Amino acid sequence: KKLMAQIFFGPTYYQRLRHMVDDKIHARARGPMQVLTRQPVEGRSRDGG
Amino acid sequence: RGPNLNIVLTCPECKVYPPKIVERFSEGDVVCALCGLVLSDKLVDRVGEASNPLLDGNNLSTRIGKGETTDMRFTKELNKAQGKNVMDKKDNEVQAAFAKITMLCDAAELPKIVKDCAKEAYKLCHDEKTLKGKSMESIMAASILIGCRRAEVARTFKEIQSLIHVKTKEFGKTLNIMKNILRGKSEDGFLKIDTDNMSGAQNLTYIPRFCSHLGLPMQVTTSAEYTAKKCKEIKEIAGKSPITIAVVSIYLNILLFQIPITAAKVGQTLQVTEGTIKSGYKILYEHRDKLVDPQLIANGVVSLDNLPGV
Amino acid sequence: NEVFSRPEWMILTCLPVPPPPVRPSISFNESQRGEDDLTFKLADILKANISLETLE
Amino acid sequence: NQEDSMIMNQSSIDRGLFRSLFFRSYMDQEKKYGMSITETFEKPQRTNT
Amino acid sequence: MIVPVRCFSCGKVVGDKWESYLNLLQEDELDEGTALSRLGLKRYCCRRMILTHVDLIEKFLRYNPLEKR
Amino acid sequence: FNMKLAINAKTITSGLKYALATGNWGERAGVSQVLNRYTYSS
Amino acid sequence: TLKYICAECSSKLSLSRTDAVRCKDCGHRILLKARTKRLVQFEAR
Ligand SMILES: [Zn+2]
Ligand SMILES: [Zn+2]
Ligand SMILES: [Zn+2]
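Chains as they are written, first to last, in PDB author numbering: chain X, 1079 to 1127; chain A, 14 to 58, 78 to 342; chain B, 225 to 280; chain R, 834 to 882; chain Z, 1 to 69; chain C, 442 to 468, 476 to 490; chain E, 26 to 70.
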């Protein structure tokens, strides 16, 4: 069916930014602890908290 | 002897020694690979300063310096208090000698591995009863030469004498004593196979540097390396010094490749007598076939008639 | 306080030494033995104490 | 597509719209700490490592 | 870097029209719109595929091959 | 007197290399930065 | 033992463990590991 409202339509230049979800998704149930405070480490590359 | 104080990660259910143990670093666990039972959890994966207890020993010292709000009067008194300490005089002089090692290696543009090898060689040969009367410069020079030889990067005696003003006799005796005590420490500690690192000749390692001093192309350098390798088979010049063997091989391949460099320029650059170079070329002219690389003359880049006769 | 904080206890004559859990020895590549800053300061304190004992 | 979200065409993605290459370079050196303490580029085995 | 095989929006094969697009510009002296219409690209979704393409493979081919047989 | 020992070229070399490798400009931070190579315009 | 290619002259070389990493033809010290001989599978999506 036709939409009741007409749609603005045309080419537009779009850029892919370097923020991927796969480089940012992070989870940790348990992992390595820091040597000093024995708390979870920092950073998703180190399976951090 | 002494208390045990040792923890072994053994599975109390599989009872298999040695156990198959997986260190799940991502999940922070130490588990048995057979049953999956965890053994130690919350394992440890910056805040201080790096200090290797092999180069400077177990020395832990901090210096006094200017802060954000610092008076000049308080800093000088603390510096004089730190300087006037009697128990670290041996540590102070060995750090001064290590600073001299770094100064001499940095004035030669030697790589960092040479500095480390010379430092550990000085530390191993330090405070020896057999090595007490020798001059400090001789110890310095022999440590630098040992560090160059150990890293397969060995310089010559003339190089070290060009930097460090040391007489030839005392430098040779110091090198012999330090080699003896280094072999003794290797036998007492971790045994090291030489595999041609303390080699007296080492004429393969002088060819690229000596060709670089003359600005030769690469193929001249590899032809000279092949010539110097094949010069060992010649019994007439096997007793020659490896500097002279390297120089006459380089000069033979310069004449072979028609490089416009005279014997006088080679002798001036590498401090070999021009008569010695000429005699070495004359005595190597009879063995032209063996010294010249056969694949070079097969490819036609060089020919044996380019070498002038005697 | 008479029991918990006397002014005479404000002067340090017996320095407590924290355990290695307070000042752990880190590893840069599990072959270096880099110590904590508190270990270095305690070493300097010990050196100064030994120097003062020998001078006295 | 509410609150700055956008609806991308999946068919366009299948044909290469905004598909990108990603390169990551890992550097490693064998350093000589001393005489016997030297690193070696080798394939390790579970028996002796 | 090389011409896409298909139009992103609709899926028309435009990868076989790139070499004939360049010929319509350099030896037929056509402007870009008539060259696009001549090849059959009537939707601007297809026209932007060829019109806006940058042929970066030509710059990549100037470098010498690392593994040369 | 040895001229090779008199002039320590490592002073100039290491000073320039350290002040360009790190941002520190002395002996001001952030003066030298790793060049961005995400895009050409970057 | 293992195949390499010099970075600038593109000459195939075979290097062992004791060999210094250096081209034997042009002397460039940058060498690339040869591409693997096993066939590698790619989904065409
Ligand atoms: Zn088990
Ligand atoms: Zn289309
Ligand atoms: Zn090459």
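These are computed hints drawn from the structure, not numbers from a lab. It is possible that some hints are incorrect.
[As the list claims (entries may be wrong)] Have a look at the derived ranges for each label pair, beta carbon to beta carbon:
hint: 1; chain 1: B; residue 1: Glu254; chain 2: A; residue 2: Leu18; range: 25 to 31 Å
hint: 2; chain 1: C; residue 1: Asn443; chain 2: A; residue 2: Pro143; range: 51 to 57 Å
hint: 3; chain 1: C; residue 1: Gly464; chain 2: Z; residue 2: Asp31; range: 50 to 56 Å
hint: 4; chain 1: Z; residue 1: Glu27; chain 2: E; residue 2: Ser41; range: 54 to 60 Å
Built from N, CA and C at the ideal position, the CB exists for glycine as well.
- Using the C-beta atoms of Z/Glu27 and E/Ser41, is the stated range 54 to 60 Å upheld? 56 Å Cβ-Cβ, so the 54 to 60 Å window holds.
- Honestly, do C/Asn443 and A/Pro143 meet the 51 to 57 Å range at C-beta? 22 Å, violated
- Hint says 25 to 31 Å; check whether the CB-CB distance for B/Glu254 and A/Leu18 agrees. Violated - the Cβ-Cβ distance for B/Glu254 and A/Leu18, about 20 Å, lies outside 25 to 31 Å.
- Query: CB of C/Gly464 to CB of Z/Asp31, is that within 50 to 56 Å?
  - Reply: The hint (50 to 56 Å, Cβ to Cβ) holds, given that C/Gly464 and Z/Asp31 are roughly 52 Å apart.
When each numbered hint is compared with the structure, violations occur for hints 1, 2.
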